[PDB]
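Just one chain follows, in the form deposited without the ligand, and it is written as structure tokens.
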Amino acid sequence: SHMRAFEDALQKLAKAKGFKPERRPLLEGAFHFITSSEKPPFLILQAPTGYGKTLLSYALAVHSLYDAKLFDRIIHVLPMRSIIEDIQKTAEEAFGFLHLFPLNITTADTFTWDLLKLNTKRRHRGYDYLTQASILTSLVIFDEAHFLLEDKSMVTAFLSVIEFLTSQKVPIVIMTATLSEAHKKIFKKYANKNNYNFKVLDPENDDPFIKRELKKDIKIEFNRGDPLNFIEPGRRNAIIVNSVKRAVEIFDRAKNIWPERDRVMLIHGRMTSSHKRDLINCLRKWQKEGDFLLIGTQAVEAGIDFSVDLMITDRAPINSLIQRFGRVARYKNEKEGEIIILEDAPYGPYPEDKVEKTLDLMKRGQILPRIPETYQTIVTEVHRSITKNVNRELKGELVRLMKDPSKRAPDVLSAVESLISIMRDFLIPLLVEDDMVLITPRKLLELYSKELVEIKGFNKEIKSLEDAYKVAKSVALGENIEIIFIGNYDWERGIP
């Protein structure tokens, strides 16, 4: 068979995560398809949530220590909002990995900023990689992060970094429990355009994982109102919600409602990196010892590994709902669970038409999770029509500037400024005393008006969002400015 790097990963992972080895048949075939692969591979691994898909990411990384003919490292891309301190906490404690790491964990927007030759330095803090070329020599795995095509303000950019990435024949693995026919079509398009070896691996009808999960009885319900109406002390409770301000307010009251205040916890992305690390430590500990109440945003749906007896969720598109369902009865001997979707919840970042279409389509065809047969039809029907709002000319220019070595960030920013800009989603580093928090340009203005932000090396006093967008323009150009937080960082609530 001649694949020891896969065995080495399956053993070291099964020890640090304390589970006894299982088969996981698709993963070995997926590993072999990438390594042999006469032509550059474009694998779409479409497996249910909680399958163990991240094992292939660890396997291909160990394989890079022994052979780098196809790729010298594994770049592992998580969705934009997601929290990456969990997988980093596993790539460190299990495998012990400007320095070349065999496995790098970036996020969806940071990835496209790098391919556009923009500055992402403080996000990478030594540093793992800081260069567009370090990406092109690697194998990039999109872990539930291709859903940036669903973000209206991000379609043109991320479509350009898919056209450019395939134009360089970079090996690409796409991991998703939610693969619409519309997405498989765009990926097969650029895979066929650049002579890849396209492939889609989804489990068989006799797959042991899906059989084991059908023995699980987990009901899903609908309701309205305050999510604290449905908490159940004595069980593991999780309330996942569509915005951070909403998550802080639910936690501000769940402090005093839950029987043991010690077992209440808030997690979201507007926190320092070390604070997230501490919460992952406190959360792995509670996973073995009794009950708790976890309150979080979408950030914990992709990156964090936890199982919860009862799940209370805002209404959301089917992609993030399937992700959030995946943390109810996730482990082996967990057979009973409960899900309650709040259909009256605020949308937040999500498009309104999409969240209502999943809510309707779900109610007709009652689904049970981790069984793609039930939710696959809703997936293909909601996540479509991407090409409506693609700037086909700006997309052509971005792929032009990315291909040209003599074009740097000023050429990318000025060309984008002519077709303030997409910059609205370019998060900027807010400096908390020692750590750092990524915030939006809009959030920077709100904090400057409250007189909590001090900007060194920059003159304009920030009002009128266009001014805040200009600070992001400076950070992207790598200018010697520091956006510093003056107030006291709340070690529980994060940044407002």
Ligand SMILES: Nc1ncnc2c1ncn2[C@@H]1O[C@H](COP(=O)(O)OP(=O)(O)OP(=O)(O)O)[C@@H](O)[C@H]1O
Contents of the next structure:
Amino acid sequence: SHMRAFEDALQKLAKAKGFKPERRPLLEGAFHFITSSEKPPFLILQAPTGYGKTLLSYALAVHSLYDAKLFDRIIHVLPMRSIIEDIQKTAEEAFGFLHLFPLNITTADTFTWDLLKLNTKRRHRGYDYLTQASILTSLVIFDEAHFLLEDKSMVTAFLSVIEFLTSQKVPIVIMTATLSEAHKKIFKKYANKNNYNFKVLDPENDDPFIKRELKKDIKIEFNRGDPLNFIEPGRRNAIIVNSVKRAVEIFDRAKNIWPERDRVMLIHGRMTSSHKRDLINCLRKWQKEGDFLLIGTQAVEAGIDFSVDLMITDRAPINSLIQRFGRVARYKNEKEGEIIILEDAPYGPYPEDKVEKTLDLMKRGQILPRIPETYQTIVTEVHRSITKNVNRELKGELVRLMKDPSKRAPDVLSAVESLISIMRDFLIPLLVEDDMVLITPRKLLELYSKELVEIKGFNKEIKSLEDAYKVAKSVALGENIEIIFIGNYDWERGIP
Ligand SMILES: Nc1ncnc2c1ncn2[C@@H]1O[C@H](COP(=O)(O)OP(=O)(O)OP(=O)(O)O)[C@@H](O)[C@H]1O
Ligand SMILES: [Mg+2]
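The form deposited without the ligand done, now the form deposited with the ligand bound:
Full assembly next; the chain just shown is listed first.
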């Protein structure tokens, strides 16, 4: 065999999470492929939601302190909106992890700023890594995070970071339940262009996991109106919506509606890390004890491990919905669940094209979850096209800039300004008192007009979105400014 790192992680994790193992072949196959493998490996692990794919990351990480010929640490990338506190809290509790950590958990926009040599410091708080060069000595695992290609505002950048990563022959794993083949092709391209050892592992017809979940029946229904029309006390409930503001106002009423106020909970991303971890701890207590209602946004979807009897979610494109569906009957002796998609809900950040097409195709071909046969074709038809909006001459300059030591943040910033910028999505540190909260340039403006922000060390005192985009400019440059919250942070609602 020759993998006792893998089983070391499987035991230490299965202790902490209190489950008894099952062998999950694709995980083993993926671990071996990585540790074996002549060349730089480029794995696409295409496994259903709930398989246990985060194990591979844990395993590989407890394989970095023994063998370091291929990589010296693991960088685990979650999606942009995502909450990373849950994986951090089992890396810390289950395995005991500027310093060198075996397992670093980041978010996909942070990741690309880092590779663009931009200042991401207070995001990494000591600090786990702070340099492009540490990333180049890593194995980089995207955990459902490649879906930055479906964001118009980033695709050109995240593609340059895929191009550049592959150019430096960094080993790469791509974890996803929902792999389009438009996606598969641009990955395979860059993995072939740089002579990786490319490989796709999807489950095959005998998989002990798919059959565990074929036995389950989890009904999915469509509906309209207020999400609290559909709650069911006495079961584990979860309402997942597409914006934090939507989530907050549902929670403002759910606190009074739900029988036990103790068991109503709001999670989104506009909260402090301290707060997030507090909630993660309450949430793991809540799963073994009885019933509760959880209000959340997409932030809960790639990286948080919970399981809920009834789920009510907004309509969203198929990758997001599969993600969300995965959290309903997730563990093994849970065989019945219900899902309610709200076809009238607002799109939020999502493109309307893809959301509607998603809902048209599901309604034709009723899909059973965690069982790719049912959703694979929806995925490939929805999640296509990316090449349309790639500013491919900038994508070229970005890959030359990262490759060049002589070029730093100032040069990459004024490069993109020619071709205010992509800076729409450069989240900046709002400091609430000792903790912080990432917020978009635009909610920085909003919070400024309401006179809840004070900026030490910058003096144009924000109006005009372009003023905000300049705060983001200087934060990315490492300017000595502080963006401070003056209001009193709401310890259940997060930030406005
Ligand atoms: N070897 C294993 N055997 C049985 N169960 C496992 C194993 N590894 C992990 N799990 C289970 O899977 C759960 C974690 O799965 P996890 O959510 O990491 O899968 P995932 O592929 O990341 O799913 P998602 O796509 O929803 O993030 C744990 O609660 C644990 O019970
Ligand atoms: Mg995960």
